[PDB]
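J.: Required output: the full structure, derived from the provided sequences and hints.
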Amino acid sequence: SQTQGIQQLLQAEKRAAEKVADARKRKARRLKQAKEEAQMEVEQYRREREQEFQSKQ
Amino acid sequence: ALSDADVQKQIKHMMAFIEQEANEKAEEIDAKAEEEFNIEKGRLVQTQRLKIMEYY
Amino acid sequence: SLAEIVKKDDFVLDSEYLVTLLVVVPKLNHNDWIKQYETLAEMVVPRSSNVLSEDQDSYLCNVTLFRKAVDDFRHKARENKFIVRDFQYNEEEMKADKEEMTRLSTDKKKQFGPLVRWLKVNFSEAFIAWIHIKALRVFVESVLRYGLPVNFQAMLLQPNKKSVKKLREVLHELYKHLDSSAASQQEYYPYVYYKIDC
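Protein chains in written order, with the working numbering: chain A, 32 to 88; chain B, 1228 to 1283; chain C, 307 to 504.
Read the hints as simulated data drawn from the structure, not as lab findings. Worth double-checking, as some hints may not be accurate.
The list that follows gives simulated cross-link-like pairs (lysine-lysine, DSSO-like), each with its CA atoms no further than 30 Å apart [said to hold, decoys possible]:
1) B:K1259 x A:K66
2) B:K1239 x A:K66
3) A:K50 x B:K1239
4) A:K45 x A:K63
5) B:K1239 x C:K415
6) B:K1259 x A:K58
T.: Written as structure tokens, this is what we have:
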């Protein structure tokens, strides 16, 4: 494996870098999606709370 | 002179378990992505819940 | 350390699992090494039977090996009369040492010029003051020999070898009339004497 092993190492380590980048982008995407969905849940329940306060008024 | 047979043995074994452990590490990062997703949605917006509930 | 023998290409580059050990093998069992380097260790680089350079005791050669393979290869090659060495390529280890060698030699010569000038000069004045203190002695001993008055006449001399004793006895004959009694003359000669030799 004088040279062939080096090439296969290069390819496999490129694939490992690619999956690490994929996982990192997955973390960032899920962080953004979590923030967005949790916010939207917050405002829709704000709407229902405001309706309850309208009824109480 | 172990030659191409042992070259293929070393290549297939090493790259195989590299790709395997690579995949499980990525999937574990995805599992922790699920964990931080749920924790954020139940903690940060939940402190927001407490603030707004006190406000109301 | 291998200055003009080993270089970068010999050792493994960007190594993830391997380490290149410069396992020197003599020609007495070189075919042995290239044939059973697999027996020496499992999980080894195929076609790693590479020889770098030559020397009078043996032939330098290197083996690329996983970590456990390095342990096993060392373990079963120390008994195989192979020199073990986990050298790390370092151009600085060569360039530094050679630079200090040449610079220190040149500066040592440039400062040794002053050494010889200073040394020969200072020794010449040292010998000048040397003969001066010797003359001061000659004066003191000649004076006290003849009492207060400082009237005396000094002289260099150079006796012939093997004619020394004849000169001793004729000068004893000459100077024994000054005192006319005893000047067992030995060290304190009937003349005020001092000795010097180069």
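J.: With reference to the structure, classify each hint as holding or not holding.
T.: Hints, one by one, checked against the model:
1. B:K1259 x A:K66: This hinted pair holds, its Cα atoms lying about 16 Å apart.
2. B:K1239 x A:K66: 43 Å, violated
3. A:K50 x B:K1239: With a Cα-Cα distance of about 19 Å, the restraint between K50 (chain A) and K1239 (chain B) holds, given a limit of 30 Å.
4. A:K45 x A:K63: Holds, because 27 Å separates the two Cα atoms, which is no more than 30 Å.
5. B:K1239 x C:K415: 63 Å, violated
6. B:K1259 x A:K58: Holds. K1259 (chain B) to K58 (chain A) sits at ~8 Å (cutoff 30 Å).
Violation of the numbered hints given earlier is confined to hints 2, 5; the remaining hints are satisfied by the structure.
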